[PDB]
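Below you'll find only one chain, the form deposited without the named molecule, shown as structure tokens.
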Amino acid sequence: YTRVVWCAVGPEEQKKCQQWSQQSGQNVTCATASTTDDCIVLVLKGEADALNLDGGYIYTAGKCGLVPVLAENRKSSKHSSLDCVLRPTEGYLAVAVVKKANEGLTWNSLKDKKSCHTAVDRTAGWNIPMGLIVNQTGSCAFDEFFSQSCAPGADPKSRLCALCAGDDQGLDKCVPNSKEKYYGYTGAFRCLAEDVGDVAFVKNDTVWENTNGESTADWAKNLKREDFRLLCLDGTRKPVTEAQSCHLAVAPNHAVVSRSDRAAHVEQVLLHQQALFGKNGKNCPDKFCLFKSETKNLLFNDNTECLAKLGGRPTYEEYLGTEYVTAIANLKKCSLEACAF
């Protein structure tokens, strides 16, 4: 009845889960997969219960029947009376970041540049940017737009993986999990920070969180916000402070999904779980904090205040919103109902 099997993607997420498992008294157990799609398959088979996913994957998991349970909620200023769990989710800003020193580089001069994406099939890292690009370009050849990139998930032998590093030994090149040096939000930003790429498609919180001595990580402590700029769709360039007036789209928050016949139990165990290891949980700072991993966004983004109820018991198409759902469909015509498994 009351035991949840979380699905960890890769070795770094597995050790944070095992610690979560340790401290839960087996109330939460861990399964491990090499990629997100594999974690979705384990959840379908019934061998795993849930995992926190980006909107890009929610579309996939949704076509295969999985349903959104709880969502991630970060620090907010509007809706200050409401409790984090009952408080609506605001979504997040997908942006195109570049180096200030890289003058002349604008949304219209991206052709043949070098790119950094969080990973294939994700919202801000792939779906939004490329969807805009296919559209504007009137072509599906998105694999020939940038000279080279690091889009975790693409074929290792392709130019879309050309800029990925792999792990400490150089193995697992381009794999879509934390083992890839430039995987995910942080990885992609680093990919720009180290000047490996000309532009990185992440979200706005990513810039703030890793600049101005906010990260302390070898490659980030000396990074200053003013050395970065945002590419707007009007061909303009703006400071990272003008995010609301220069973003590619507003992405729906990452959320925990599960098979519909388990959602009620996955939802209950988690709410309780976060009462213990959440932001102001009984044992978070002292023993274990679910929403902390040191700027590595393991299992959940570090900026999460809490996981929140949904309200309107949404289906995946509703949670993601018709806006974004069409975006993905139009782009997928390039690579129409079914679910890839």
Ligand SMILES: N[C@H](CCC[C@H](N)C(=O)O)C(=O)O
Contents of the next structure:
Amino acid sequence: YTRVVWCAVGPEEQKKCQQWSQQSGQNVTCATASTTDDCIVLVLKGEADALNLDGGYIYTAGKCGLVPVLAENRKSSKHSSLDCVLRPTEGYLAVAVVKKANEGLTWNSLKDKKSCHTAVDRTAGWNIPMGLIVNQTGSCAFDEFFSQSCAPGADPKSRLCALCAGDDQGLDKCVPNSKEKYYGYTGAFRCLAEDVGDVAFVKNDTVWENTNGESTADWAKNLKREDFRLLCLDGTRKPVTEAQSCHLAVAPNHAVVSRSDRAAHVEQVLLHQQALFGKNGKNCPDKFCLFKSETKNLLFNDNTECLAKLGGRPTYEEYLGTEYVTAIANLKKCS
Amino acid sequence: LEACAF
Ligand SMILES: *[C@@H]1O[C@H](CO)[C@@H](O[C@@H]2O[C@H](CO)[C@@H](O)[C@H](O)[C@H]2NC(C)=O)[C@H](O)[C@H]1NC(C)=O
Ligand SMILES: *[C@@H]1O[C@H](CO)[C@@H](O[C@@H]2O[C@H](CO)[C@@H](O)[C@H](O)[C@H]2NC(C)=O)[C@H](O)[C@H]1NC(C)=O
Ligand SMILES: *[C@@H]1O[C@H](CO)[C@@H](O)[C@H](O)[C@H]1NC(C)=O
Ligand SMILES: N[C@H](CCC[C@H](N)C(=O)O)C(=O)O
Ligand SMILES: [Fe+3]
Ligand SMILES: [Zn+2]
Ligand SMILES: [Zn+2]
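Coords for the form deposited with the named molecule bound, given the form deposited without the named molecule:
What follows is the whole complex; the chain from before opens it.
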């Protein structure tokens, strides 16, 4: 058999990967790049095998020939007799979150406010809200809608990066990796929690996982869910318990991609590696837990219960869904 | 309806 070379995005992911590689007896080894797009190029060159991706990144990777292999599956809202690996994935809820104290703000008054995004090109943080905004405004100038934003991956001198904070030293402002304080689901929700932005584009789970003591991290440890609201497309505001009826879209779960010629081998190695290090894995928590990273969602989301098999050997457009694909393509016409 | 970004 061959080793699987994973691609880690930024140095925190690389440290986690190196621990996984040590635990796996080098069944998995690590390449690292500074951004997800750069990891996609490593895998296109054959210098890495796979990484797990948000759906917006699966689009980029899929246009370049990489294929979905396994998808993240989080705990299901309904009881299922099926093993996690065979349970159909449910998709996550993209939402717009604000503070309850910021009383005037609705979907219809977002113009000229301060926004917090997971990163350019990601589903809940970017493709869904900016796709909706370009369509409702009839303008491609989405870079001028919010007065200032943190949208990792954008031009660091531009208003889309003006709220980003970089690392402890203030280096790497706006880089689309975990070194940027406001990157990702947790960083964009911390950008709202600290009142750097007025609105954060994240998913429902983020709000729950980082409030009411579900996170012990310093910036989160004291946040209360009741201090947040969701913005609904009909211009109303709801408590965060109401995400099912107040979301922007349902997103396809993050999933692992690879070259087509290495998909089968990546799939077999991951199914064995989660049996060891996955949730209730043989060797988790004693030795190593593949789906933990102290809330930082490194390599996989921390709420992942398993990687699941895909039904119907789907292409990347079947996995993303025709509608989501079309919405991306419409939005990328602006660029 | 278009190609790889890289
Ligand atoms: C919004 O996300 C939260 C967090 O994932 C979901 O709440 C979890 O739901 C699971 C599965 O039902 C429960 O067993 C967990 O205990 C809940 N977590 C917490 C921290 O309360 C919530 O279901 C999601 N809302 C919607 C509409 O999907
Ligand atoms: C933004 O608007 C475009 C243009 O209407 C949307 O594209 C359409 O999507 C629907 C539903 O999937 C399709 O039936 C149409 O065929 C698409 N039209 C075009 C011209 O491609 C797109 O869904 C909207 N974006 C968002 C995020 O809702
Ligand atoms: C390494 O992979 C080989 C071949 O599948 C297997 O025999 C061995 O158990 C694996 N070990 C770990 C620790 O992943
Ligand atoms: N807003 C709708 C569905 C739109 C999903 C579509 N915009 C996509 O591109 O995925 C929802 O509340 O579920
Ligand atoms: Fe996502
Ligand atoms: Zn819906
Ligand atoms: Zn098919």
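Positions refer to the first chain, counted from 1. What we label the rigid core is the largest C-alpha set whose atoms superpose within 1.5 Å from one form to the other. Shifts are known only where both forms have a C-alpha.
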Position with Cα shift of 2 Å or more, rigid core superposed between the two forms, options 75, 79, 111, 157: 79
Give me the C-alpha shift of residue 280 between the two forms, core superposed, in Å. 1.4
Moved regions between the two forms after rigid core superposition (C-alpha shift of 2 angstroms or more, 3 or more residues per run) are 77 to 79
